[PDB]
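Undergrad: As a plain string of letters, each chain reads:
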Amino acid sequence: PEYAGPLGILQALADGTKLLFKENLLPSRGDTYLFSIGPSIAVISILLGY
Amino acid sequence: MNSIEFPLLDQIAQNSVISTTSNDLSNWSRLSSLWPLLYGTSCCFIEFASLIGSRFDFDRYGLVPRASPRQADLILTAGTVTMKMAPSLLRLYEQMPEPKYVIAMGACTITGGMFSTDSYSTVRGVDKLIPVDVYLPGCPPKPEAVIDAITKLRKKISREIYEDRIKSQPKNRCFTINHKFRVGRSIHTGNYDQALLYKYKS
Amino acid sequence: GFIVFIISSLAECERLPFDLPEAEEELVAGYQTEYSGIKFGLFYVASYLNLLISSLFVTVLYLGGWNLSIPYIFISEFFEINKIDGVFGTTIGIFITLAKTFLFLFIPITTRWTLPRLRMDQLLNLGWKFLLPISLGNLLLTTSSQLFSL
Amino acid sequence: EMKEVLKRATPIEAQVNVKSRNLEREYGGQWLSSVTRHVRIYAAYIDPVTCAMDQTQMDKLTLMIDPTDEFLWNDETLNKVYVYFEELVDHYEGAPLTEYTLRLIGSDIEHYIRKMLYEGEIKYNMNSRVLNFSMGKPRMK
Amino acid sequence: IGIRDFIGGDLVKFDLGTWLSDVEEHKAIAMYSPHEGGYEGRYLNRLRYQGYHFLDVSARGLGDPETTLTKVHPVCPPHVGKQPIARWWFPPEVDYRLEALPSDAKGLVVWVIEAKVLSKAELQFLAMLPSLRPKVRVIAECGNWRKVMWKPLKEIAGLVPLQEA
Amino acid sequence: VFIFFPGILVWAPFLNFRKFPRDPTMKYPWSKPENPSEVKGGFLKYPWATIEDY
Amino acid sequence: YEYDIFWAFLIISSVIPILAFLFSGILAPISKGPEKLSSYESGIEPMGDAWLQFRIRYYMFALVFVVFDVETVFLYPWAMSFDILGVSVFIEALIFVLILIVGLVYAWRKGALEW
Amino acid sequence: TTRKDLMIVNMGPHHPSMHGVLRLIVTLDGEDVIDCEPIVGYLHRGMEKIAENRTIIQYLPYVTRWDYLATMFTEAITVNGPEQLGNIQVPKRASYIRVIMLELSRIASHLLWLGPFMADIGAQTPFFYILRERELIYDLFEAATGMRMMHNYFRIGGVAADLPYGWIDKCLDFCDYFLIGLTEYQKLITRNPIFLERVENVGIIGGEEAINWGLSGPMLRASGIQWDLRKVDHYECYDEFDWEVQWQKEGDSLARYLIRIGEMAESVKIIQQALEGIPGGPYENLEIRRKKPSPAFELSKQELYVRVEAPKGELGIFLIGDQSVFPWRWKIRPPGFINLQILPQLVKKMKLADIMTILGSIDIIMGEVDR
Amino acid sequence: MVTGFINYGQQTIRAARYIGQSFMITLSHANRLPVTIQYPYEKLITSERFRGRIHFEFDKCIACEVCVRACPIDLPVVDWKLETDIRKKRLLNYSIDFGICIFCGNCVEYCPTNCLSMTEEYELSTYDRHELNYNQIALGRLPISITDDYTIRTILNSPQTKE
Amino acid sequence: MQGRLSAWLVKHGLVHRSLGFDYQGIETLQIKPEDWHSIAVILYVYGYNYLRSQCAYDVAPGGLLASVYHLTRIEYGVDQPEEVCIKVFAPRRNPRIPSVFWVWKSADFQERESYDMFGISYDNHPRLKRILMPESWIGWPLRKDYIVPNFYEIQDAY
Ligand code: SF4
Ligand code: SF4
Ligand code: SF4
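Residue numbers (the deposited numbering), protein chains in the order written: chain V, 66 to 115; chain Z, 1 to 202; chain C, 216 to 365; chain A, 63 to 203; chain G, 65 to 229; chain F, 128 to 181; chain Y, 5 to 119; chain D, 5 to 294, 313 to 393; chain U, 4 to 166; chain S, 1 to 158.
Hints are supplied without guarantee of correctness; some may be wrong.
Listed below are the simulated DSS-like cross-link pairs for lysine-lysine, each with C-alpha atoms no more than 25 Å apart in a straight line [claimed, not checked]: (1) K203/A with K185/A; (2) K146/G with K146/F; (3) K53/D with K11/S; (4) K36/Y with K171/Z; (5) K154/F with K180/G; (6) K129/S with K144/S; (7) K84/U with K314/D; (8) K105/S with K323/D; (9) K96/D with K174/D; (10) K177/A with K171/Z; (11) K184/G with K154/F; (12) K81/A with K36/Y; (13) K146/G with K313/D; (14) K184/G with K146/G; (15) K154/F with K218/G; (16) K63/U with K92/U; (17) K218/G with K159/F; (18) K63/U with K184/G; (19) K65/A with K122/A; (20) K77/G with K167/F; (21) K177/A with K146/G; (22) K146/G with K180/G; (23) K185/A with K135/G; (24) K11/S with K199/Z; (25) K167/F with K314/D; (26) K273/D with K96/D; (27) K114/Y with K167/Z; (28) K84/U with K135/G; (29) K201/Z with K129/S; (30) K203/A with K146/G; (31) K203/A with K167/Z; (32) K129/S with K199/Z; (33) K36/Y with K344/C; (34) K87/S with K32/S; (35) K253/D with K105/S.
Which chain V residues stay away from chain Z? Per the calculated CB distances, all over 12 Å, these [stated by the list, open to error]: (36) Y68; (37) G73; (38) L78; (39) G81; (40) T82.
No lab work stands behind these hints: they were computed from the structure.
Cβ atoms here follow ideal geometry from the backbone N, Cα and C, with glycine treated the same way.
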């Protein structure tokens, strides 16, 4: 990464803000609640180790 | 005369600090992280591979290839789209989340190229299937030309406002009737080379 | 225990060669296939946070943590570093911890881009037939050596 | 004079609480549909209010014209396209539900749409996401 | 050179009022931008905020912009040997877009990308276009630079002596 | 960089590292070189270049 | 207290995904469509909904893992009290480790850990 | 266990491991491949139909679009079909240039096989490592022919133009650098334990099965069969150079990998020998070289079959003329299209993650499988 | 029985050695200079026979239409009329659409008057497809050489070897 | 002149017809479709290990459909292998040719191509279906009198 910031420093910040501004897509065939709960549980249980 | 017409719309918004700078920062963030679909069909994908490699780097613009459509912003259509592939291409484009951008790379993706004259299955341009933002001429376009097309796409992306969002959602009109056709099961059922030795039938 | 902890933490962080649930070449994106927007970012953060916490636990459990001194040798630099106390001592400890964490951040980031990835059956074989008996033997050796302390 | 386009294409009665369903194991793996930038013919029941598509209802053909708006559509033009679609479906009676038949139907429907555009019935939609004129640039006669 | 060169080329600068004043005073503006692009939208965005509608014109395939933009022009669609040669006539692009704009629009802005490929006289006409059409603003990328800088297009085309900045 | 990134994340938006023009006379993008021969054109790359060609 | 920080940290860690979801909901647009909501199956139209039904002989390591988790949980308090007490707890936990080893050997020889 | 337990997954046109738009309908019983059905034709542009109603000087750009990695082999077969029909001789310098270009294209094709193969195994760095030198091959081709790919360099009764000044030394320096690069590749990959354990015992093919299935090239040569069409048919000048047919006894994917590495080395030896003994004289045939209306090559009224040893196997052209500029029939025998049909037999009773290894072992690109 | 453990030992150390060998081979590339061409701040100088955008000379065209026949798709459009005073073909319009062009080089090779040439002008991307229909004025524009752009570093692929 | 394979067949009393040689002198024989399934096994018995290519072509529009087989031997120690071309002709109204998939497996895909492009139906082929064209397609594209039915996405990009 060279162009997102001086030496690509702002590349990951750009990725995060893009994912923030990206449309939240839910599956029609599956279950919404498990879909929303899964990654939250993973990130909570990983953050709790700090 | 195939004329053009502007529909009726309201005044935009007007803002001082919050909305304008938020929109500018959102545009800048979507500039530097245009993740391609890793959609490859034909020979042009090789040059696409040459833009993933070391001599011309995808990573300088961001532009990390993501396999799943849900994680892809840009679809960079490389290759001829046959009749057998075009519905799959349109699904893949539709499954990508908004906002999404299309670059038609290669002469076969703009107008059909060499196959525009005698091929009985080549779709003459994906503009008949997907809305294309930037057209990239050339049979195997040089990877620098691909970067130039991506630069022009960034030039158009940075010009976006919030109003363009309501230009992007589909109108979603439908019409349903009975067809009285003949319903038949799929020919390709997945049964292949299983109990083949008992299929002689002399 | 150091090697087995490295391999087990790399498997739990799902870094290559243990990237099987998210293996892009076998499945399109794994469990992240249908995930778009902020949730994919969450499942990305969580992965990198797991990598960071694994590196921190490597430098805490097996390396010396914030400690950097050689009491058995007349190392002037290390003695002068350990002689500092207060705000500056805590700052130097944070610096040392971050450097030791960055070593075992550099190693797995390289590991992803160097080795090929494992297979599911071979992953199970490595986990259950090469790492577990070896860890049991390491625990037995640790207990036998700790018998001398009491 | 008169009313004109008096056919007034009658859709099937609207269902309620329709939930999205995938195709079955035996019927899956096939397209049973014709999708293209201006026309989507699906052998499914798609409702527009909740965006739910039931693909197990293979006895219904759902037609979606111009999802990414490139033309400005009035209700009369929609009715014209819909009566043409009904006539085309009734014309192909006895044909299989394969992708080939639906692609042919979509091809004639898009030829009709291009004829309407060049006759002045519809105009290109400005304030669209793109301006590429897939049916041809503005030209004079 | 350094110091100022290596100091912030950030996109939060207060040059925007000067940019709008220049684009209102000097109707035709030559613009120079970063090579990787994307730092032009901050300046075109505020023009689009005032009601201006953009017409994107590529200068490579422009083809004698006088009759391409301000006149009805003949173009031949590409036959591939299956059709006889047909001569189509296209409406004047900028005037068609002008007469087809909504009444509330402030005007039309012609964004001429890759204007370096045009000759001197083509740039002269592109600079003098707003004199003929009052409600048209001309923006032409005449090159690339480390930072966004704009000049009057008449100065670049040679109608006005190039004053030192 | 890993240690001091909280301090680099502030300075990075207020710094640009864009590469400079080949001639050290181009004050403006519309400026013309005095003599277009003293520039060095044809920088090589890794198989056949040294550190002087960057 | 050493555990109110734990509760506050847990509350903050649970709040963070809620904040991310709320920010995405108020920032990202919605443009839902019937083609977009279809399940992704590499372009082709998915057949019957998911579902694999693995073999038992593959997933027989989980029954070993349930027992081994309990054994490794039971080994921790002995290690915490290894220094306060002496060789008595060494003899006590030696049988535990030996039974663990014998169970691992049985699972290895019977083919439970084979794929 | 017949149904509702067997998962039918369409690992289809859009898949990173699927080279191009190959589709596999794979039936899995808990990560075990019961069987797989290959669906191809997502890139079928009808090139055999476009082969008619096109002259040879018009059809030559179309030729490089099958096997776009090894373009010179397709160009060679297209220009040596009709020149054999018309009994056109090729000058020795043109033949040597053709041999050099064919061997360079074989090197490039083996490289850009090794890349996606190791990517499918799991290593992404070798892709960039091969691209570092395939860019040098592209530079040589663009210096000589004028483009990186789709060269349009081969012509009937010769070549388009002579080699530019300063090309021999550049190619020799490339060979010297590429030998070192190949040694680095073999040091990094060949004995790696993960690579071996992913590759060592997958896709065992018997020699008799390889012969019956119609396999050719590194697929057939990796089953104990020393069958190379360069030494059997005495193509061009391959009888003058010292080289060895690379074949291995075991049938697994490791044998195919070793065969392709050895073929790259032998190819480099062939470029070195050819450049050391390059002849002089003309390159275009002066007999055929002759505002006025220009006719194309009128094919004679007889059938013909011509073969070439492509890096993927045997590439063939069956040509039926009609005493006119447009050929009556132009059938393409693609090596990948015939090598692909053994895949369901190999992946049967294997595992899901082994499909990538098996498919990367076979040099399949989808632009040549369909036409 | 002991020999099995010994063989397990020697077949484990070998794997560790080869993993370290892969690590060393990969990390030895950190001491080597990058090969990346930093487009668009750096541009690679094209070859002497690179096939790019067509350049057309209007005065040298005779409307003989052999460039159309030599094209694989008959792409070039040559609208001409006969000047009855001299009975020579007068050219009215010449157009090549670069959305269908494949840059094969047949037109520039089989043109008898040699009015068609290949330039180095790649990067012809446009936002609109129909803007790629270059007429005789757009084709007649001189290409912009990257050696004349002094804000970039022109990269040469190989040493000039002209000595 | 009589070829080696033709002389062997007339020695073994197998009906056929010699159509001559190509430009390389490879023998070309014509086999009746009713005898082709019995003659293919005898061809392998002769020693033709390798089915190099299977092809189909149109003799004339509105005329016969010809299916072409190229055969050779792969063996150790043979300098010049023996190659033979063999053509089986079927009527256009209902083309039926026995499949050699049970003799050489290499025909497995190739005959399907001959079914997909020209419509020649192969009897004992166990998986005879369209391979290159879409599976729901109606018509055989490579026949000389085929006409494309005016699909929208095949027409000119307007
Ligand atoms: S431009 Fe078209 S024909 Fe040429 S390689 Fe690309 S996809 Fe194939
Ligand atoms: S071949 Fe040359 S002279 Fe003849 S019509 Fe074409 S461009 Fe004109
Ligand atoms: S370059 Fe080739 S494709 Fe393009 S116009 Fe000329 S002959 Fe036609």
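Undergrad: Hint by hint, work out which the structure violates, then give me just those numbers in ascending order.
TA: 2, 3, 8, 14, 19, 20, 22, 24, 25, 27, 31, 33, 36, 37, 38, 39, 40
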